[PDB]
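Listed here are the chains, written in short residue letters.
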Amino acid sequence: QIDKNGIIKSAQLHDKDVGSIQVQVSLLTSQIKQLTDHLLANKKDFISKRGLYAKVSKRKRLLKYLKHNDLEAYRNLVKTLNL
Amino acid sequence: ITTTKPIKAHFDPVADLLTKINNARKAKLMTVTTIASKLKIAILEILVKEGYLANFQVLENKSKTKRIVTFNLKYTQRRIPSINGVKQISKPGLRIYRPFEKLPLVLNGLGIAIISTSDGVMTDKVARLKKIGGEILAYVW
Amino acid sequence: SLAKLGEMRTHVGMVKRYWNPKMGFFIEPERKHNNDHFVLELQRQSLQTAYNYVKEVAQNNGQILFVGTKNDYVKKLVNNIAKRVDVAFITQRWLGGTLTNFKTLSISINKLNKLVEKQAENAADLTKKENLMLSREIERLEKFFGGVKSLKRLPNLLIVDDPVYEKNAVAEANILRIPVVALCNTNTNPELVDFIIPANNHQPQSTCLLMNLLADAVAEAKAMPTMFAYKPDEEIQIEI
Amino acid sequence: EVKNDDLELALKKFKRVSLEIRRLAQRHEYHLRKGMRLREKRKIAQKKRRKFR
Amino acid sequence: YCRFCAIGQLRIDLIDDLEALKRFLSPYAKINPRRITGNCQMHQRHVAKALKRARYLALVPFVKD
Amino acid sequence: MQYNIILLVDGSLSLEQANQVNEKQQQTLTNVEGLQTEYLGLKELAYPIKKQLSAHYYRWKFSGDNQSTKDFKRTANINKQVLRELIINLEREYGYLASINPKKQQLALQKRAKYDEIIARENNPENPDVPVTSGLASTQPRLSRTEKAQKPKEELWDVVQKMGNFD
RNA sequence: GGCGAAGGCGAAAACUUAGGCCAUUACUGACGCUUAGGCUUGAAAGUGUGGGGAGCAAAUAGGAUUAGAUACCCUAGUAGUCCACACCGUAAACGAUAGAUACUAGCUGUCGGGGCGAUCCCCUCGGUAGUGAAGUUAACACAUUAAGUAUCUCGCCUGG
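Protein chains in written order, with the deposited numbering: chain N, 2 to 84; chain G, 2 to 142; chain A, 19 to 258; chain T, 5 to 57; chain Q, 40 to 104; chain E, 1 to 167.
None of these hints come from the bench; they were simulated from the model.
Where hints are given, some of them may not hold.
Stated by the list, open to error - For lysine-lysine, the following DSS-like pairs were computed, each having C-alpha atoms within a straight-line distance of at most 30 Å:
1. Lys75(G) x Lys162(E)
2. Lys240(A) x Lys162(E)
3. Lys38(T) x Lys44(N)
4. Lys40(A) x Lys88(G)
5. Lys67(G) x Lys68(N)
6. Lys51(E) x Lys73(A)
7. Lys65(G) x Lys153(E)
8. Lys148(E) x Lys65(G)
9. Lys19(T) x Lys91(Q)
10. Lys162(E) x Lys88(Q)
11. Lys69(Q) x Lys51(E)
12. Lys104(E) x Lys88(Q)
13. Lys148(E) x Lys75(G)
14. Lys40(A) x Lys75(G)
15. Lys131(G) x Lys114(E)
16. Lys50(A) x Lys27(G)
17. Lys69(Q) x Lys19(T)
18. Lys43(E) x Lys69(Q)
19. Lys91(Q) x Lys80(E)
20. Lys17(N) x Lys75(G)
21. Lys51(E) x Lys88(G)
22. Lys5(N) x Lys27(G)
23. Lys10(N) x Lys67(G)
24. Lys50(N) x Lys19(T)
25. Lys63(G) x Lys43(E)
26. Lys34(A) x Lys38(T)
27. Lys162(E) x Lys50(G)
28. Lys151(E) x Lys126(G)
29. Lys70(E) x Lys88(G)
30. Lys92(G) x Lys61(N)
Model the full structure from these sequences, guided by the hints.
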């Protein structure tokens, strides 16, 4: 379904990042992957594609912030803003 | 005490204050809560002193964690508010400023505009007398 | 005493699920189940204010038009007020057109006076249908104008069992510049009275004690004896 | 619809549901768009609801 | 008149509770509307889907009159 | 995540061969094991699904898997040895909670009160006895901690008052 | 009645999964907001592509009738309605009411969620509704889901 708790806790480095930028962007990226899988398995689900584009946009804005605030976001960039 | 109905960042303190003021005017409501700020505290104190607005209480949870102000309008014993119209001037999309020599008396020479300047916040008359100008926060009459 | 709190014992509750919210400002914080219960102290304060205010108004050579229009209870007891204190009484509300058009009350009172004169002056030539016409004209002009049926003076004040119950009463009230006071319920709009009296009327004791206190207020301004707030007994009579 | 063993009584209780089902089928025996069908059906439903409430 | 979540189990399959479903049923392929049994949205889902499911599995007349 | 799986198998087949068909059905079932051939009896179908007036009913109760029941469903459909292949999941609408599922004990009390076994009356579901005023009743209002009370006086109780002296 | 971004979602059954409702000082600490350009989707006719086509109706064609029927009647009846692909990407997609955001008498209904408890009643919040206060459209009326109140952004607008 949501694929929520496991991905959060994998991105949950400490007890001080339950809702941080890191876990949020990880959730959006994991949701992008899961939505691609689903919508390839379920073609005409336009809800999934519109949500995928919305998550892509919100991920872009989250990344622009994460590079505005912390300069170490792109030195270990496993979340490059290209999709 | 217990201050109920907190408000979060709507888009700005000024419009958050204006919507509450007009809703209180509409529903004949007494006391409403809005955000807290140094400018908001200054204008609220000066409006208590001016007579257009009744008192206010600024409240905090512990720190910048949550800072709000509850404010009441001065009402005669007829449910008639003392506020006969307040217009916000300082806005996000338009930062409005005026010199000390370009500040008018509102209503018919009675209304008092609230003006923050380079060295403080005050009323329109003493802003003209101060020879220092700046942004305007609210036209009150 | 004067507007004693002892009377303030059953002035609580009416038909629920129908109530003006702005009454909650003037009555009490009313629960989600529409608890029509009234406070005692504020109701007593407002009732005493209305009492002595109408007293001082009637001491100015004014008039307190006593209006009774509820099912039977308020009308019967307002008639008892009229037979106890010399004030006008209502059997049926006037259909409108009394104060702002003074001619419309004068024609009615003159018609009733001449109808009484005709009834007392000739009854042999009249037929059964003609007599029924005469009696029905008398009844019509007595109920089409209750406060003005034999007198032409303009009332200086009027009450009503409910200021939202009578459109014509409110019209001829707001035509004049007079301190209109009325028995107000929770389902009533409070914007049609001078001094709101938040109290019950479905409870018969409540309304009868209220308008009897009004009668005493107008009587003490007319230099005649007064009974309620001067006798500790509350009346027990079901709402006829 | 089937109401058995009675000539008139069970037939009388029959005819109600019989005509109900007959009309239910009848309004499905002609091509029409969803617009008018749903609008009229819900108009009748709201008529019955307001008569009931 | 609410019927499910008081006599039902809030989990309605065909077996173990088929009688509460058949109460809005007749061998005629119809379901009692809200005018007779005013069950809520989830209870209406229960009765609708489950009864047409019993019709679907050949337990009660699917369309048969 | 559990599967209540209901299989209606051919006509009036004998119990042994019906069980063998069912065993083949697990052999082509890729879901979780532990399901046993439970005979629900030979039930009369409302209509011939293909030509069988009455079919043998069977139930299986065990857990469930996500991408492991579509294939089982369509293979059981194609497998003509079984006529009907209904699935049920854990989630239909009901609760997964320790304060809404134990409310089914209140439902058992409702079953008890459904029939008046005594002269007294506790029937008629939705009869308000009003035993509860508690619950959450919480919108979580914000607690107020005093910072500064600029003129703590506040106007209140605006009575309908005008021209108090008319005498 | 709820949900879905509109388009829409109803014989049932399963799966992937968008998203939702309830309460969280709980975590980054404004990361925000929209939107010209830009990205994606987009009833449907009807286009061709492969099947079957059950049925029928654009067109077409006979008998009526008509001042005349390829209009209202029907029969025969294709494209199409069916599906797979694109394109058509328009709609009464209009609530002729933009998106994000916070606030405004109530009242009577419903659904969902949280608590509770024979049911239930009840409270909380939303969703889904209305009369109507206030407020607002010339007016018709909306009105806690505004056409009320206000901020950011955009699109539409000056005579036939």
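Quick rundown of the hints versus the structure:
At roughly 18 Å between alpha-carbon atoms, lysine 75(G) and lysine 162(E) fall within 30 Å of each other, so this suggested pair holds. Straight-line distance between C-alpha atoms of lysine 240(A) and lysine 162(E) comes to about 25 Å, which keeps the hinted pair within the 30 Å bound. Between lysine 38(T) and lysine 44(N) the alpha-carbon distance is near 27 Å, which keeps this suggested pair within the 30 Å criterion. Taking the CA atoms of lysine 40(A) and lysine 88(G), the gap is about 28 Å. The hint holds against a cut of 30 Å.
Between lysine 67(G) and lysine 68(N), the direct Cα distance comes to roughly 28 Å. Compliance with the 30 Å bound is thereby established for this hinted pair. The straight-line distance between the Cα atoms of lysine 51(E) and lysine 73(A) is roughly 97 Å, outside the 30 Å bound, and the hint therefore fails. For the proposed pair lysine 65(G) and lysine 153(E), the alpha carbon gap of about 26 Å is at most 30 Å, so the pair holds. The straight-line distance between the Cα atoms of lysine 148(E) and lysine 65(G) is roughly 15 Å, inside the 30 Å bound, and the hint therefore holds.
Taking the CA atoms of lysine 19(T) and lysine 91(Q), the gap is near 25 Å; set against the 30 Å cutoff, the hint holds. Taking the CA atoms of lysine 162(E) and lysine 88(Q), the gap is near 67 Å; set against the 30 Å cutoff, the hint is violated. At most 30 Å may separate the alpha-carbon atoms for a hinted pair to count; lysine 69(Q) and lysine 51(E) meet this at roughly 25 Å. Taking the CA atoms of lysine 104(E) and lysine 88(Q), the gap is near 22 Å; set against the 30 Å cutoff, the hint holds.
Our distance criterion of 30 Å between C-alpha atoms is met by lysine 148(E) and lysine 75(G), whose separation comes to about 19 Å. Using a Cα cut-off of 30 Å, the hinted pair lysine 40(A) and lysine 75(G) holds, with the two alpha carbons roughly 19 Å apart. Annotation: proposed proximity of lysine 131(G) to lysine 114(E) is violated, straight-line Cα distance about 83 Å (limit 30 Å). Distance restraint check for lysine 50(A) and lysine 27(G): the Cα-Cα separation of roughly 24 Å lies within the 30 Å cut-off, and the hinted pair is therefore satisfied.
With a C-alpha separation of about 16 Å, the suggested pair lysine 69(Q) and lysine 19(T) falls inside the 30 Å cut-off, and the hint holds. For the hint linking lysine 43(E) to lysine 69(Q), the alpha-carbon distance of about 22 Å falls within 30 Å, and the restraint holds. Simply put, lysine 91(Q) and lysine 80(E) have alpha-carbon atoms about 23 Å apart, close enough for the 30 Å limit, and the pair holds. Our distance criterion of 30 Å between C-alpha atoms is broken by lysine 17(N) and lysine 75(G), whose separation comes to about 46 Å.
Restraint check for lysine 51(E) and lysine 88(G): the C-alpha separation of about 81 Å exceeds 30 Å, so the hint is violated. For the given pair, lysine 5(N) sits about 45 Å from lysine 27(G) by alpha-carbon distance, which is inconsistent with the 30 Å threshold. Using a Cα cut-off of 30 Å, the hinted pair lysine 10(N) and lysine 67(G) holds, with the two alpha carbons roughly 29 Å apart. Among the hinted pairs, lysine 50(N) with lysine 19(T) is inconsistent with the structure: their alpha-carbon atoms are about 53 Å apart, more than 30 Å.
Between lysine 63(G) and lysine 43(E) the alpha-carbon distance is near 70 Å, which puts this suggested pair outside the 30 Å criterion. With a C-alpha separation of about 44 Å, the suggested pair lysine 34(A) and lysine 38(T) falls outside the 30 Å cut-off, and the hint is violated. Distance hint between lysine 162(E) and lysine 50(G) is fulfilled; the C-alpha atoms sit about 27 Å from each other, no more than 30 Å. The hinted pair formed by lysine 151(E) and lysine 126(G) meets the criterion: a straight-line CA distance of about 24 Å does not exceed 30 Å.
With a CA separation close to 64 Å, the supplied pair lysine 70(E) and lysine 88(G) exceeds the 30 Å bound. Taking the CA atoms of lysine 92(G) and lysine 61(N), the gap is about 29 Å. The hint holds against a cut of 30 Å.
Consistency note: the structure conflicts with the earlier hints numbered 6, 10, 15, 20, 21, 22, 24, 25, 26, 29.
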